[PDB]
Amino acid sequence: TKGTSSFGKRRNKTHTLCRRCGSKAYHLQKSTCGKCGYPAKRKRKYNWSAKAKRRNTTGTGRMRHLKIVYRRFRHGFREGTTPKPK
Amino acid sequence: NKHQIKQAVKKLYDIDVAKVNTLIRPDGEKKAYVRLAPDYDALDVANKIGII
Amino acid sequence: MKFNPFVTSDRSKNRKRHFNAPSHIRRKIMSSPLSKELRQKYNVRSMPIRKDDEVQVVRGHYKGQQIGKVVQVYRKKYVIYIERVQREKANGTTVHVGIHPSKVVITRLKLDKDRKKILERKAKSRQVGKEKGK
Amino acid sequence: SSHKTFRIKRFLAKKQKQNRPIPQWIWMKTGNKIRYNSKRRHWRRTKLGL
Amino acid sequence: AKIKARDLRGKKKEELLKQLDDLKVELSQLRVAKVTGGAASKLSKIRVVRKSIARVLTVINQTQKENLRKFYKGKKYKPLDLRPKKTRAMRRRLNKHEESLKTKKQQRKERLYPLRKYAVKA
Amino acid sequence: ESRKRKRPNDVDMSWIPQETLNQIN
RNA sequence: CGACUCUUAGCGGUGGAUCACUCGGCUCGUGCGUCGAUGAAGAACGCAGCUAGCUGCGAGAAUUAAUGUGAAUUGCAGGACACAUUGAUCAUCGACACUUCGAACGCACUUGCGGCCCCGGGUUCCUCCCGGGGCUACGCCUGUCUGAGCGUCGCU
RNA sequence: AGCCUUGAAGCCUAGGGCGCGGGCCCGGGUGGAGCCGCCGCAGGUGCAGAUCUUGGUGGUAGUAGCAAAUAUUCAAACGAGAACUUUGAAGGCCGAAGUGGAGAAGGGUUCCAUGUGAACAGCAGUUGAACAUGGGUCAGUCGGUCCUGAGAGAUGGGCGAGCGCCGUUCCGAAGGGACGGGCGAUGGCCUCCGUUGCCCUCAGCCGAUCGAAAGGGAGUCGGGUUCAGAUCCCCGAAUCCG
RNA sequence: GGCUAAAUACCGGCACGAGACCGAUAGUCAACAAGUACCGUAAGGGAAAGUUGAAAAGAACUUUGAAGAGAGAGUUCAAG
RNA sequence: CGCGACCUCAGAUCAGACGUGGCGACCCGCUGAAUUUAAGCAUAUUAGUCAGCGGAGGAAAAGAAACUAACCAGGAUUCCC
Ligand SMILES: [Mg+2]
Ligand SMILES: [Mg+2]
Ligand SMILES: [Mg+2]
Ligand SMILES: [Mg+2]
Ligand SMILES: [Mg+2]
Ligand SMILES: [Mg+2]
Ligand SMILES: [Mg+2]
Ligand SMILES: [Mg+2]
Ligand SMILES: [Mg+2]
Ligand SMILES: [Mg+2]
Ligand SMILES: [Mg+2]
Ligand SMILES: [Mg+2]
Ligand SMILES: [Mg+2]
Ligand SMILES: [Mg+2]
Ligand SMILES: [Mg+2]
Ligand SMILES: [Mg+2]
Ligand SMILES: [Mg+2]
Ligand SMILES: [Mg+2]
Ligand SMILES: [Mg+2]
Ligand SMILES: [Mg+2]
Ligand SMILES: [Mg+2]
Ligand SMILES: [Mg+2]
Ligand SMILES: [Mg+2]
Ligand SMILES: [Mg+2]
Ligand SMILES: [Mg+2]
Ligand SMILES: [Mg+2]
Ligand SMILES: [Mg+2]
Ligand SMILES: [Mg+2]
Ligand SMILES: [Mg+2]
Ligand SMILES: [Mg+2]
Ligand SMILES: [Mg+2]
Ligand SMILES: [Mg+2]
Ligand SMILES: [Mg+2]
Ligand SMILES: [Mg+2]
Ligand SMILES: [Mg+2]
Ligand SMILES: [Mg+2]
Ligand SMILES: [Mg+2]
Ligand SMILES: [Mg+2]
Ligand SMILES: [Mg+2]
Ligand SMILES: [Mg+2]
Ligand SMILES: [Zn+2]
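Chains as they are written, first to last, in PDB author numbering: chain j, 2 to 87; chain X, 105 to 156; chain Y, 1 to 134; chain l, 2 to 51; chain h, 2 to 123; chain 5, 230 to 237, 249 to 265.
Mixed in with the good hints, there may be bad ones.
[What the hints assert, rightly or not] Capping the alpha-carbon separation at 20 Å, the derived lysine to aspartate or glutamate pairs in EDC-like fashion look like this:
no.: 1; chain 1: l; residue 1: 40; chain 2: X; residue 2: 133
no.: 2; chain 1: h; residue 1: 77; chain 2: 5; residue 2: 250
no.: 3; chain 1: X; residue 1: 115; chain 2: h; residue 2: 27
no.: 4; chain 1: j; residue 1: 87; chain 2: Y; residue 2: 54
no.: 5; chain 1: l; residue 1: 15; chain 2: X; residue 2: 133
no.: 6; chain 1: X; residue 1: 123; chain 2: h; residue 2: 27
no.: 7; chain 1: h; residue 1: 71; chain 2: 5; residue 2: 230
no.: 8; chain 1: X; residue 1: 135; chain 2: h; residue 2: 23
no.: 9; chain 1: l; residue 1: 5; chain 2: X; residue 2: 133
no.: 10; chain 1: Y; residue 1: 69; chain 2: Y; residue 2: 120
no.: 11; chain 1: h; residue 1: 97; chain 2: j; residue 2: 80
no.: 12; chain 1: Y; residue 1: 28; chain 2: Y; residue 2: 54
no.: 13; chain 1: X; residue 1: 114; chain 2: h; residue 2: 8
no.: 14; chain 1: l; residue 1: 16; chain 2: X; residue 2: 143
no.: 15; chain 1: h; residue 1: 13; chain 2: 5; residue 2: 252
no.: 16; chain 1: X; residue 1: 152; chain 2: h; residue 2: 99
no.: 17; chain 1: h; residue 1: 76; chain 2: 5; residue 2: 250
no.: 18; chain 1: h; residue 1: 76; chain 2: 5; residue 2: 259
no.: 19; chain 1: Y; residue 1: 130; chain 2: Y; residue 2: 114
no.: 20; chain 1: h; residue 1: 66; chain 2: 5; residue 2: 259
no.: 21; chain 1: h; residue 1: 46; chain 2: j; residue 2: 80
no.: 22; chain 1: h; residue 1: 79; chain 2: 5; residue 2: 252
no.: 23; chain 1: h; residue 1: 66; chain 2: 5; residue 2: 230
no.: 24; chain 1: h; residue 1: 71; chain 2: 5; residue 2: 250
no.: 25; chain 1: l; residue 1: 16; chain 2: X; residue 2: 133
no.: 26; chain 1: 5; residue 1: 235; chain 2: h; residue 2: 27
no.: 27; chain 1: h; residue 1: 79; chain 2: 5; residue 2: 230
no.: 28; chain 1: 5; residue 1: 233; chain 2: Y; residue 2: 54
no.: 29; chain 1: X; residue 1: 115; chain 2: h; residue 2: 8
no.: 30; chain 1: X; residue 1: 115; chain 2: h; residue 2: 22
no.: 31; chain 1: l; residue 1: 18; chain 2: X; residue 2: 120
no.: 32; chain 1: X; residue 1: 152; chain 2: h; residue 2: 8
no.: 33; chain 1: h; residue 1: 118; chain 2: 5; residue 2: 230
no.: 34; chain 1: h; residue 1: 13; chain 2: 5; residue 2: 230
no.: 35; chain 1: l; residue 1: 48; chain 2: X; residue 2: 133
no.: 36; chain 1: h; residue 1: 74; chain 2: 5; residue 2: 250
no.: 37; chain 1: l; residue 1: 10; chain 2: X; residue 2: 143
[To be verified] Calculated Cβ distances over 12 Å to all of chain X for the following chain l residues:
no.: 38; residue: 4
no.: 39; residue: 10
no.: 40; residue: 11
Bear in mind the hints are in silico, worked out from the structure with no lab data behind them.
Note that the Cβ used here is the ideal one computed from N, Cα and C, for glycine as well.
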């Protein structure tokens, strides 16, 4: 009874959504994410998984602010100016 | 919240509110059941709002 | 031969930039030659096709001497629609056929303030090169 | 369950709205390739995990 | 009768806000028409009035900020949003004056023994 | 007339938010 | 006879090999070599007239302003007293804007509780209730203010 | 000064031939846009196997099988179509430790109405938890929210190359509060009461914070009402807290 | 006790150019709504999938059938 | 007792600043194996390498001799032969 009969007894969720990385790896009892290490300040990252790093590295998401720096960089980060009005 | 909704409905349509009930729908929208004061006829007010 | 180090002749790079060209670039791509009369008058060879120009179809099934007005510049499909350049569907309704701008000749230009400004600049540049050879 | 959190009830709602067929005019777009919503879900065949 | 941002530039704050309210009322009346069988003309008007509202709010924010900048111009301490953004590292550099500083020992050395211009015969 | 039309430096203290004003008062 | 079976061929199926194509890879080289408490990377949730995904954007939400451009966008519809100095569209991008979480910051992570100041509506100055706005995290340096010591002293 | 839209590659061929052979040429057919000879260069260069990899297809084979829990029948209706749907009538079963009426965990729209009968529901279906289009969850009083439990966990401190770990009162100047009293400053229903700042006085708690939809924890019941919600909506009658 | 450019490094980034390279079981896992669908409590694992036509001209209308499906007809150089 | 200097040490939502996290191809400081070779294996090798931790910049580190030499002497660091 270590198989089919036991699989019916499982109705208690070990993990839930993590509020930092949004993955269902937040261990409820330990209060820790098995994916990103929250609540640890530093992000959980290891070099024995390159595939894991490229799933959640810079550029895999929105790049909300970085991709505007890339635009501003090409004009020397000019500020407080406008093109000569018509 | 129910206070803000009551203040909004009154100001927008110049009507009076008796109570506000609210539920959040399964699709994530909040529905307000705004009961007007007895001297306000909701069917009349609906015509003003264009609902009917 | 091309010598500019920053201009690619790579086949795939050039095709990706043709089929993903933004609208204001597709306009320049969608240019047409001018009739021999217009060419002589304005000293210009080609113009970016525009709505309300009148053109002749010089290649394909609908070629002929019929001058028709351009009724739609469908830039997404890289075609223009012309008066009477059309056919019927199964249910008998009429539908325009898309001619490429490079396969027509502009016989009358829809002129306005900006078209004239465009026309003068092209001739001014042409005349400069003319006096470079001389 | 009936006892729900706001965060869970909200995540469920987004899954509810994504679960619909495509507009039929999408078929008539110029370069369109999509034939159907290939990301459909059934509450019984495949589970959300949360 | 389109809301062009050029027509709003000079207007006063209370005037523009009044203009904003008309547009907010006009939109909520349209949102009603969306679900009660409004004509296709009225459905297309929604985007026209959503962007009109955004045009008004842009001019209100720009006019307010242009005047705030005039207000803090000479002030030593300006609110953070009025300070140059650039990048975080670019804001921690030695400024132009501090980089140009030299010690008197180095200033004397450059005066006494400046680099010269010379040539060596072939 | 419809055709005729259709064919062609100092701070403003009113625009300062009311909060900033009180702080200088 | 004839069924059935075998072989070959024509035609038809099943299947998707081959060939041709290539808005994708891979490798080399070059220029630059730029994130974040002024809130990054990442995540969540929203935003389209009809829109699920991809894509873009943030309640000003498939974008505002400005500049260049110069007549479209387009699957269908529509045209705001939209469209030629009353500028469609696209590009650019310096102005403005940028929901929730996140180093993530009032305390906690359930949209749970506060506190301080200002403002507005309730009534009717105070209270009280409601709403809005601004603050309220750790360490650390310079200075400030307020203190402690049977620490070392001086005058009383 | 090769071939090719007067038809390339590819593919098919009881067509004609060449070579010991590896192979190749020509005829016919299909196809629709590129290919080949010679001299040299280069190689990810030749498949029958590896219980080889991936994909496709056989015989087996219309075969095993569609047999756990007693059971169906008659008439009518819709409908192209009925053993299976619906209504009526029979005969049966679960037999209040139920095949009944409700919940917790889990599911997440499966709920309700209408429509379809393509795919799915290992026969069928006019039917469905399928598909399609639209709806539906309303609270001071029912829970959460608060308490603390086993425990988890900051700061002080200790350790630690370091991300950090230990630790929970232990090496801590750990109270931001107050009746009242004295001073000023401000107010208003300026009478006198408030507010605010300072000073005097008084203060164990001694451990931040988290930790239970079954523990502790004030206070809502009756009648009606929907396709689907009701101790939540409506009618009525109460109550706790501030 | 201390500072110091250049020549040097650069499989991440932004923007480019090329190749005796691969050519959809190849080449990146990813030519495409791919780190997607999907699996696992989780750390992680992780595909398949390109091609009508020059142009949608994407087959009106008639007829059998409940329909799927057919027979005629029509477009196209070709639906062989 | 009181007042006042200094010293040491505390509390502030005190005025103004600054650090945190990410990326990590290249760079710097640590920590650091075992598969493997030795036809066995323990030193050795693998290897100061993988994995682990920290810190950067457009480069980093290094760098103007407590050097090399032993010559008739050279003359910071870094890179190539
Ligand atoms: Mg457990
Ligand atoms: Mg030319
Ligand atoms: Mg199941
Ligand atoms: Mg000196
Ligand atoms: Mg959407
Ligand atoms: Mg604009
Ligand atoms: Mg413009
Ligand atoms: Mg809780
Ligand atoms: Mg044969
Ligand atoms: Mg072709
Ligand atoms: Mg090869
Ligand atoms: Mg083989
Ligand atoms: Mg049988
Ligand atoms: Mg029941
Ligand atoms: Mg039951
Ligand atoms: Mg069946
Ligand atoms: Mg049902
Ligand atoms: Mg009640
Ligand atoms: Mg608690
Ligand atoms: Mg601890
Ligand atoms: Mg409880
Ligand atoms: Mg140094
Ligand atoms: Mg393939
Ligand atoms: Mg593939
Ligand atoms: Mg592949
Ligand atoms: Mg294949
Ligand atoms: Mg192949
Ligand atoms: Mg193929
Ligand atoms: Mg053919
Ligand atoms: Mg301060
Ligand atoms: Mg050995
Ligand atoms: Mg051996
Ligand atoms: Mg051994
Ligand atoms: Mg070694
Ligand atoms: Mg390493
Ligand atoms: Mg690190
Ligand atoms: Mg760092
Ligand atoms: Mg940097
Ligand atoms: Mg250095
Ligand atoms: Mg040297
Ligand atoms: Zn996480």
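Consistency of the hints with the structure:
no.: 1; hint: 40 (chain l) - 133 (chain X); in the structure: 23 Å, violated
no.: 2; hint: 77 (chain h) - 250 (chain 5); in the structure: 18 Å, holds
no.: 3; hint: 115 (chain X) - 27 (chain h); in the structure: 16 Å, holds
no.: 4; hint: 87 (chain j) - 54 (chain Y); in the structure: 33 Å, violated
no.: 5; hint: 15 (chain l) - 133 (chain X); in the structure: 11 Å, holds
no.: 6; hint: 123 (chain X) - 27 (chain h); in the structure: 27 Å, violated
no.: 7; hint: 71 (chain h) - 230 (chain 5); in the structure: 41 Å, violated
no.: 8; hint: 135 (chain X) - 23 (chain h); in the structure: 26 Å, violated
no.: 9; hint: 5 (chain l) - 133 (chain X); in the structure: 16 Å, holds
no.: 10; hint: 69 (chain Y) - 120 (chain Y); in the structure: 24 Å, violated
no.: 11; hint: 97 (chain h) - 80 (chain j); in the structure: 17 Å, holds
no.: 12; hint: 28 (chain Y) - 54 (chain Y); in the structure: 18 Å, holds
no.: 13; hint: 114 (chain X) - 8 (chain h); in the structure: 33 Å, violated
no.: 14; hint: 16 (chain l) - 143 (chain X); in the structure: 43 Å, violated
no.: 15; hint: 13 (chain h) - 252 (chain 5); in the structure: 10 Å, holds
no.: 16; hint: 152 (chain X) - 99 (chain h); in the structure: 69 Å, violated
no.: 17; hint: 76 (chain h) - 250 (chain 5); in the structure: 15 Å, holds
no.: 18; hint: 76 (chain h) - 259 (chain 5); in the structure: 17 Å, holds
no.: 19; hint: 130 (chain Y) - 114 (chain Y); in the structure: 25 Å, violated
no.: 20; hint: 66 (chain h) - 259 (chain 5); in the structure: 14 Å, holds
no.: 21; hint: 46 (chain h) - 80 (chain j); in the structure: 36 Å, violated
no.: 22; hint: 79 (chain h) - 252 (chain 5); in the structure: 18 Å, holds
no.: 23; hint: 66 (chain h) - 230 (chain 5); in the structure: 39 Å, violated
no.: 24; hint: 71 (chain h) - 250 (chain 5); in the structure: 7 Å, holds
no.: 25; hint: 16 (chain l) - 133 (chain X); in the structure: 14 Å, holds
no.: 26; hint: 235 (chain 5) - 27 (chain h); in the structure: 27 Å, violated
no.: 27; hint: 79 (chain h) - 230 (chain 5); in the structure: 51 Å, violated
no.: 28; hint: 233 (chain 5) - 54 (chain Y); in the structure: 29 Å, violated
no.: 29; hint: 115 (chain X) - 8 (chain h); in the structure: 30 Å, violated
no.: 30; hint: 115 (chain X) - 22 (chain h); in the structure: 13 Å, holds
no.: 31; hint: 18 (chain l) - 120 (chain X); in the structure: 35 Å, violated
no.: 32; hint: 152 (chain X) - 8 (chain h); in the structure: 33 Å, violated
no.: 33; hint: 118 (chain h) - 230 (chain 5); in the structure: 75 Å, violated
no.: 34; hint: 13 (chain h) - 230 (chain 5); in the structure: 29 Å, violated
no.: 35; hint: 48 (chain l) - 133 (chain X); in the structure: 24 Å, violated
no.: 36; hint: 74 (chain h) - 250 (chain 5); in the structure: 11 Å, holds
no.: 37; hint: 10 (chain l) - 143 (chain X); in the structure: 38 Å, violated
no.: 38; hint: 4; in the structure: 15 Å, holds
no.: 39; hint: 10; in the structure: 7 Å, violated
no.: 40; hint: 11; in the structure: 6 Å, violated
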